[PDB]
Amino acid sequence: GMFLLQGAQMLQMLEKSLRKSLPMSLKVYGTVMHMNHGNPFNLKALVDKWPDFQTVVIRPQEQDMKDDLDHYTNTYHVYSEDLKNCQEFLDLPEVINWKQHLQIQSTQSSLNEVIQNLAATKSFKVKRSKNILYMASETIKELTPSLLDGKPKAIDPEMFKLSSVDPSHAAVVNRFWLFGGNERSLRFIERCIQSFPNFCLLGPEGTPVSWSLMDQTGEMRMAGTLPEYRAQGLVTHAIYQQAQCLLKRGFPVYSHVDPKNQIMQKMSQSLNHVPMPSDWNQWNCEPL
């Protein structure tokens, strides 16, 4: 079937039900926690059955998804306890509109089978990004304790000053983001700057030299450093502060790393972030 969740009590019941599917449900779980704290991206949660759902999809509002090319807006967060149910649920046009350029995100790699099946029946092509999921040790201990000083090196506070990311910083974030470099990615970065608590280190003339952001899933993302300032652990500082902020507010701290990126794996380990067994996935889908 198809049921729309509404209000704090249902979103809390969904969070509780997803705790035993961590870390595979983490991409959804983080999104739902941020939906329950002001729903800044104006998302909605769909399940196939309630309360005993098998598949959950977080989607945006139809009337916000006007640009068929804007896969940053057209993002769906999925977790399923049964791949056949999942395929039947993602087959419903009120759940996912496959006629747009879209992204599916999940910490559950097994969904690949479902998405490759629908690629044939809904006539889309798919490109998959698969990365290493990292979680803070504090978040593992709170959420998945059965799976279980991390402070950055001191830097000169006269040279580098911790601030928030300003909207005027969006273009530099966009320039360095692996998934950015265009106007659609710039607008998405600007929505993350408006919506969430992000950190940067300012150098000469309040130019950002290193930055840490997060998106509507709660994941820490879009972090970067100007090339001239790399190898001074500036990015460790912005990420450390962003994580401390989220931990103090009771949110999960998690991120992902390209398995080829040795520097960012070592940076994450220096903060006591742990690689998890369930990969981070994004499927970019567009009509043939």
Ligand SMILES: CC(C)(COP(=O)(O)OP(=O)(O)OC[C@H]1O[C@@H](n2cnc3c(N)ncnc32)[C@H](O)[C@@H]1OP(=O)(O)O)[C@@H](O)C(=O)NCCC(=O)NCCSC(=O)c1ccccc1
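What we label the rigid core is the largest C-alpha set whose atoms superpose within 1.5 Å from one form to the other. Residue numbers count along the first chain shown, from 1. First, how it differs from the form solved in complex with benzoyl coenzyme A.
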Contents of the next structure:
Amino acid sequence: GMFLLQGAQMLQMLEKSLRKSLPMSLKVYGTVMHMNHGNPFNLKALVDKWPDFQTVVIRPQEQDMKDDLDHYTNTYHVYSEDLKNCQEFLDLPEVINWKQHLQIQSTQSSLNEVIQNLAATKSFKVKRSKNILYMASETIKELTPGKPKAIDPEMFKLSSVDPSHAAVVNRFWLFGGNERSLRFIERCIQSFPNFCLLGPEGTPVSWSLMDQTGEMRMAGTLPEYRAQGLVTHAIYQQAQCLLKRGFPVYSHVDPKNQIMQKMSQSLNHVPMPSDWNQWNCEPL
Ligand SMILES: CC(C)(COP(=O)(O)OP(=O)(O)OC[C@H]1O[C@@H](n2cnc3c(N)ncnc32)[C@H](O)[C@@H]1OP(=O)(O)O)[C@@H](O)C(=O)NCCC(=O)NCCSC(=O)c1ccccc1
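For comparison with the form deposited without benzoyl coenzyme A, provide the form solved in complex with benzoyl coenzyme A.
Following is the full complex, with the preceding chain placed first.
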């Protein structure tokens, strides 16, 4: 079937249920936890059955998804116990609008077979990004049962990130470099607390952001200030903030990025037996 969850009680029940399927459910779990805190991206949680769902989809509002080309906006978060149920659910036009450029995100690699099955039926092309999934050791101990080297306090200060910094974040983001990606980064900065390090000029020189899924993403250091431990400090401070508020700490790393594999090991972030996935789907 198809049920729209409404209210904190139902979202809290969903968040509790998803804890039993971490880390495969992590991408959905993080999204729901941040929904339960003002729902700044105006998302909604769909299930095939309630309370004992087999499939959950987090999706945006139809009237926010005006630009068929804005795959940053057109993002869906999915987790399923039953791939047949999942394929029947994603087949419903009320669940996913396959006529737009869109992104499916999941920490469940087995959905690959479902998305490939629908590509035939729904007339879309798919490109998969599959990366190493990391979780903080502390999140693993809390949900599924490491300090940086110090830096010079009169050179670097912890700061909030102004929406005006989006243009710089956008220049260094592997998925960015365009106007739609800039707008998405601005929405993440406006919606969620983020950390940067200000350098000697009071300008941001290192940063780490969070998106609507609660994942730590879009981190960078200006070339002039690289290899001094700055991004490790920014991510450490972001992670401790999330942990204090009972949010999961997680991230991913492309296998090309050895630097962020090293950073992750230094902070006791652990590679998981689930992968990070993003399926980029566009109509034929
Ligand atoms: C952000 C980096 C990648 C690193 O920033 P920096 O401040 O320079 O890094 P640190 O100084 O803290 O060093 C860390 C470790 O690397 C080592 N090390 C460092 N440099 C080198 C070197 N050249 N050659 C060799 N080794 C080098 C250094 O010794 C240290 O080793 P230890 O940990 O002590 O064992 C920066 O180069 C950049 O902006 N790149 C482009 C954008 C991009 O790729 N962004 C990231 C996209 S992924 C993402 O967003 C994300 C992922 C997970 C969680 C959250 C988010």
